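This is what each chain is made of:
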Amino acid sequence: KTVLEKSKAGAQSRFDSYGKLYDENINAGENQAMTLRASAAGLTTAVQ
Amino acid sequence: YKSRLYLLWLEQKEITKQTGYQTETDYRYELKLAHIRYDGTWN
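For the record, the sequence lines run as chains A and B.
For the first sequence, the authors' numbering assigns the number 2082 to the initial residue and increments by one for each residue that follows.
According to the authors' numbering, the stretch in the second sequence is residues 1163 to 1182, 1188 to 1210, in order.
Warning: the hint list may mix true and false statements.
As the list claims (entries may be wrong) - Below, a list of computed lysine to any residue pairs in the SDA-like style, where the Cα atoms sit at most 20 Å apart:
#1 B/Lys1199 to A/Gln2129
#2 B/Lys1175 to B/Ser1165
#3 B/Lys1199 to A/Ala2127
#4 B/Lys1164 to B/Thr1181
Hints were generated in silico from the structure; no laboratory data involved.
One chain only, chain B, in its complex shape:
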């Protein structure tokens, strides 16, 4: 993107919905985006 290398990955977290009596395992999602810098390190 604009002549810079970017990484873009989907990442998952498991959360716990309550259903009351009981509770339940549930997942949520987020998109992470990082890019390389001029000295080869990543933001």
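If we strip away everything but chain A, and leave its shape as in the complex, we get:
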């Protein structure tokens, strides 16, 4: 029973870890990176 409870706690750790990554999918940093790419491609009418 102790063997399976360590297996239970190991699977529970992965389920919490990937569930946390899934729910918070895009960071504040990863959101800022897309915003910069979008701003760099919005200059084409002002350059013209």
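With chain A held as given, fit chain B onto it using these hints.
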């Protein structure tokens, strides 16, 4: 003008009149007019 922001400025260029023997510095003027677009850029 028609609910759009316009800038209007006078701009000067110096030209060179000839007076022959010599020549002479002279100025000419032009009016520039620009407006803002929908995305915040200027025409």
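For each hint, the structure was consulted:
A C-alpha spacing of about 18 Å is found between B/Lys1199 and A/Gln2129, which places the hinted pair at or below 20 Å, so the restraint holds. For the given pair, B/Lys1175 sits about 31 Å from B/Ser1165 by alpha-carbon distance, which is inconsistent with the 20 Å threshold. Taking the CA atoms of B/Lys1199 and A/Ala2127, the gap is about 18 Å. The hint holds against a cut of 20 Å. Taking the CA atoms of B/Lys1164 and B/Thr1181, the gap is about 46 Å. The hint is violated against a cut of 20 Å.
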